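Peer 1: This is what each chain is made of:
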Amino acid sequence: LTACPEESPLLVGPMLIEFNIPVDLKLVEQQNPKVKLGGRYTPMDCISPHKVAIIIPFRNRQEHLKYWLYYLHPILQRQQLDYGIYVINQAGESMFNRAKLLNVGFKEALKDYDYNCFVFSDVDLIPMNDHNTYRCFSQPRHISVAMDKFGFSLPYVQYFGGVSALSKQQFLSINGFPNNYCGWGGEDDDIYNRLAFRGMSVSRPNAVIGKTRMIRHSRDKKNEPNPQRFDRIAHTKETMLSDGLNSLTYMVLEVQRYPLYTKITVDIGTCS
Amino acid sequence: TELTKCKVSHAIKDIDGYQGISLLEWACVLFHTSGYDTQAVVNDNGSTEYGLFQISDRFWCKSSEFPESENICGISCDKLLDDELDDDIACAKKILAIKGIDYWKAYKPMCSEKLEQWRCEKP
Ligand SMILES: O=c1ccn([C@@H]2O[C@H](COP(=O)(O)OP(=O)(O)O)[C@@H](O)[C@H]2O)c(=O)[nH]1
Ligand SMILES: OC[C@H]1O[C@@H](O)[C@H](O)[C@@H](O)[C@@H]1O
Ligand SMILES: [Ca+2]
Ligand SMILES: [Mn+2]
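Chains R and F are the protein sequences, given in the same order. Under this note's numbering, the first residue of the first sequence carries the number -14, and numbering increases by one thereafter. Under this note's numbering, the first residue of the second sequence carries the number 1138, and numbering increases by one thereafter.
If you are wondering where the hints come from, they were derived from the structure by calculation, not from laboratory data. C-beta atoms are modelled at their ideal positions from N, C-alpha and C, and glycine is treated no differently. Mixed in with the good hints, there may be bad ones.
Residues from chain R that face chain F, not an exhaustive set, calculated with beta carbons under 8 Å [said to hold, decoys possible]: (1) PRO140; (2) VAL142; (3) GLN143; (4) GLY147; (5) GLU209; (6) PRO212.
For reference, chain R alone in the conformation it holds in the complex:
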């Protein structure tokens, strides 16, 4: 076999994305026979240079996950990626910590395979055009650029939330993500600050190709807006040197390998 083409010939472009019909994972497995235990897929067609680990921060969003798996597995196979799905489930009932769970995803996926790209995706976002490739670029990539929740427009130029992708070296360069943002908000702005300090810029597809849908939901209990977020993002330059991959600690309570994904339950404690 030879290298997969630059742009996949299987792409269909725009897709109708709706969440009205119930989803049966058994049916999803049935429709995606090529996906192996642990939610792993590799083209048998060509050799892909994109070895992508998709990391999803998680706690009590099983119904959302069902729609995510239903829509993304076919899309990713079409994009000819050599990928694996990882759901990082926070154990306990303390304040939710999105960024720290993403750091756990990075370290735990590297134990399975020699990944070179990490896509970090919230559980409730589905891309509406398959030309919005879920892989890494020469600069950090912001993928969910036009959410229906924001009128299909970016809320602000420095926004790095929702779905993004960092190559392994881009992630290492910023000492990964912060570990001390508990509750909603600010952690994505901190990551944006880290990338800028390391001299990187944000790469994005245009708003037509980047159209994305977010399943409608109310704020989660235990993920109320964080009062210290503004003070924390104002000091990123100094905290990024000592808070990140190099200070990451957690405890693995369970590792599940299902046909459609790998789910790792962990105890990540509380914020300092």
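We have chain R already, so just place chain F with the ligands on it with the hints.
Peer 2: Positioned in the frame of chain R, the structure of chain F with the ligands alone reads:
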């Protein structure tokens, strides 16, 4: 109601330039403060902040949970959760004149640069 940047901008036009803060800066400030949601209610812990401007019951408005409040704005906090912004703006103006822009913690970190994106060209 979740308003848009331009809906907010037109609504608060009479605050442009007061205490030296521009409409672009306010557009930026209010998105990060309440997401432009006029019904936003957030616990700061012990205290509660209300509406578009996230005005606190600690010192500025009177709530049921904290009746002994200073109530500097002389208004019930429930009047800050509707789509009529005149009274919210009058209160924000008192906070700006007394405490200053630093009350709004999002200002310094998120609104010190790239202000042009916040312009509304819809007059
Ligand atoms: O209780 C929670 C809170 C957050 N999340 C995850 O954290 C991401 C950030 O989520 P949220 O939807 O609350 O904020 P938004 O993107 O809508 O501001 C979610 O999409 C999930 O992937 C979760 O799984 N359970
Ligand atoms: O919801 C969009 C964005 O709003 C900002 O005010 C928050 O700081 C971010 O964490 C969030 O991603
Ligand atoms: Ca009002
Ligand atoms: Mn969401």
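Peer 1: Taking the hints in turn, state whether each one holds.
Peer 2: Here's how the hints hold up against the structure:
{"no.": "1", "hint": "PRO140", "verdict": "holds, 7 Å"}
{"no.": "2", "hint": "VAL142", "verdict": "holds, 5 Å"}
{"no.": "3", "hint": "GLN143", "verdict": "holds, 7 Å"}
{"no.": "4", "hint": "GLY147", "verdict": "violated, 15 Å"}
{"no.": "5", "hint": "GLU209", "verdict": "holds, 7 Å"}
{"no.": "6", "hint": "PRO212", "verdict": "holds, 5 Å"}
In terms of the numbered hints stated before, the structure departs from hint 4 and from no other.
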